[PDB]
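One chain comes next, on its own, written as structure tokens: the form deposited in one PDB entry.
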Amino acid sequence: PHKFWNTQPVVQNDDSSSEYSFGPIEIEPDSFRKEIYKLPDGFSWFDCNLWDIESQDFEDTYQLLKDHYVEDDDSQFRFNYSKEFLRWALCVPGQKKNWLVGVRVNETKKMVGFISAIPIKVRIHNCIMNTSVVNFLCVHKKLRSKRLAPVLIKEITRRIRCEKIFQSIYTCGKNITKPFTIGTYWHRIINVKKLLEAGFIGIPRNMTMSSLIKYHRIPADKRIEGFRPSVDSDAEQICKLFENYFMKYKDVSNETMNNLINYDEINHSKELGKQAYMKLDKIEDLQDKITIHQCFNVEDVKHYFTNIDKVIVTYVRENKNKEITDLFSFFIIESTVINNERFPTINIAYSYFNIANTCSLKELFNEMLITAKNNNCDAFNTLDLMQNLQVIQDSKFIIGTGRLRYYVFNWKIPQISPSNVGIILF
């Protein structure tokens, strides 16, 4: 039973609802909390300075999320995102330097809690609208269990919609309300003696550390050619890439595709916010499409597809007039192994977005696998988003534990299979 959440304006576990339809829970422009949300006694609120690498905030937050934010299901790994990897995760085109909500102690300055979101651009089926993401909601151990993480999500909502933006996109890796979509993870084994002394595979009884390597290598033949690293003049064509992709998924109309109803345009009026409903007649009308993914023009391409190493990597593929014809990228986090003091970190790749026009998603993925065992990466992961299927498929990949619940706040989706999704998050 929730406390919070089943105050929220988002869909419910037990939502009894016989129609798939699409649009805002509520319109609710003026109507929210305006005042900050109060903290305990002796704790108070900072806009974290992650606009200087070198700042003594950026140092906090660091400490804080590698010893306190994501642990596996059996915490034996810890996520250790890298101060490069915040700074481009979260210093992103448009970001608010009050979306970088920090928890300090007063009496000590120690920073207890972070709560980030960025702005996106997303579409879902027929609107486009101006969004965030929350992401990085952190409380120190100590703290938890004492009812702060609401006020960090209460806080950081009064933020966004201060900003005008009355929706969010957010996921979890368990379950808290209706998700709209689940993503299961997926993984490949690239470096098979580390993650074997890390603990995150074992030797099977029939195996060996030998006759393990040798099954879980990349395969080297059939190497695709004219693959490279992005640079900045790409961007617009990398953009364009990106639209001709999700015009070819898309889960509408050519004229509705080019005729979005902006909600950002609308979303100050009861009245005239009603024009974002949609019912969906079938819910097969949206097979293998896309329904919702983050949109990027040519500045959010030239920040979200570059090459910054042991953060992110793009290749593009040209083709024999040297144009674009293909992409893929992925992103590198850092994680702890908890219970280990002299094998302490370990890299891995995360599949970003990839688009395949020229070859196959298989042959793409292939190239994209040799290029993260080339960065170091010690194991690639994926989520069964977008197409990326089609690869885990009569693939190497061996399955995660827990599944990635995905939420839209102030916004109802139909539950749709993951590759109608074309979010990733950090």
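Positions refer to the first chain, counted from 1. Rigid core here is just the name for the largest C-alpha set that superposes within 1.5 Å across the two forms. First, how it differs from the form deposited in another entry.
The only C-alpha among 231, 209, 283, 247 that moves by 2 Å or more between these two forms, given a superposition on the rigid core, is that of 209.
With the core held fixed between these two forms, residue 14 has its Cα displaced by under 2 Å.
In place of the form deposited in one PDB entry, the structure of the form deposited in another entry is requested.
A single chain, with no partners or molecules, comes next.
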């Protein structure tokens, strides 16, 4: 039974009612608490200085997450985010310094808690809005099960609402409240023997070692030409590429797409904010379209769809008129292999956003797989979001352990298919 989430504007696991399928759960621009939340005696809030990669805050945050962030259910693996990755994932265009939130023990000066928000722009059906993503929530193992996490959630909620933002998106490896979709990870295994020794994959009973190796082998015999690393001067062309992609796969009419409700212009008023409520005739109306996605301006594109060693890879294809026609991208995270002396870490690539116009999506993903292999990744991960089932189906991808639950704070989204979701979190 919930003692915190029962009190919050989210869809509850037992709730189903309103005649509107989409729109804000509440419109409360004036009534939210603005006084900072108290921590237990001996603890203090701090704004975490990730603006200097050499700072002590950055070292403490890196160590905190290294030893206390997300593990798989069997506690065999734990993410080991690099400082360069954290800098890229959190020091994003428009970021606020007070949205990087730490908890420090006064007596020891040790950082024992972290929570972060980043600003993003999204479309949800017939509305657009500036919103937030909450990520990297983390409490030190010795402080778990003491109801500290709700204090962190309430505090970042306060700091986001002070910027006039009243919704947030987050994902979780667990069922908390009712998720609006569930994402399933799939693996393309690159280094079979290493990942078998690390316990990331098993070998089945009626299969020889050489059969498992051959099963997962990458043929680099079929290649397609013209892909190159993106550079900053590609940002206008990439921006238009994403615009055209989201127009192609939108779940609303051409008329609505050109008259999207801008929630930021009405969220100050209970009366006007009601304009964001929308009924859905039938769920099948959404089939195979995107219902919710991130939106990128040129500054965003320059930040995210770049190339940073061991962090993010983005390649683009050009036509002879130097139009950019295709894009693949993936980010990279190292994970600790807990208590493994032989292979103490593994390197996993994660599909980010991909746009195939002049080749098939399998062909695009094949060039990306080869590129991930060339970036010393041990496996390539893809969710079944967007159109990624076209590459998972009838392929060598194998299912991952765990499920990603997608959540929206203070908005109503009907339960939808992951193919209707274009939100990738770090």
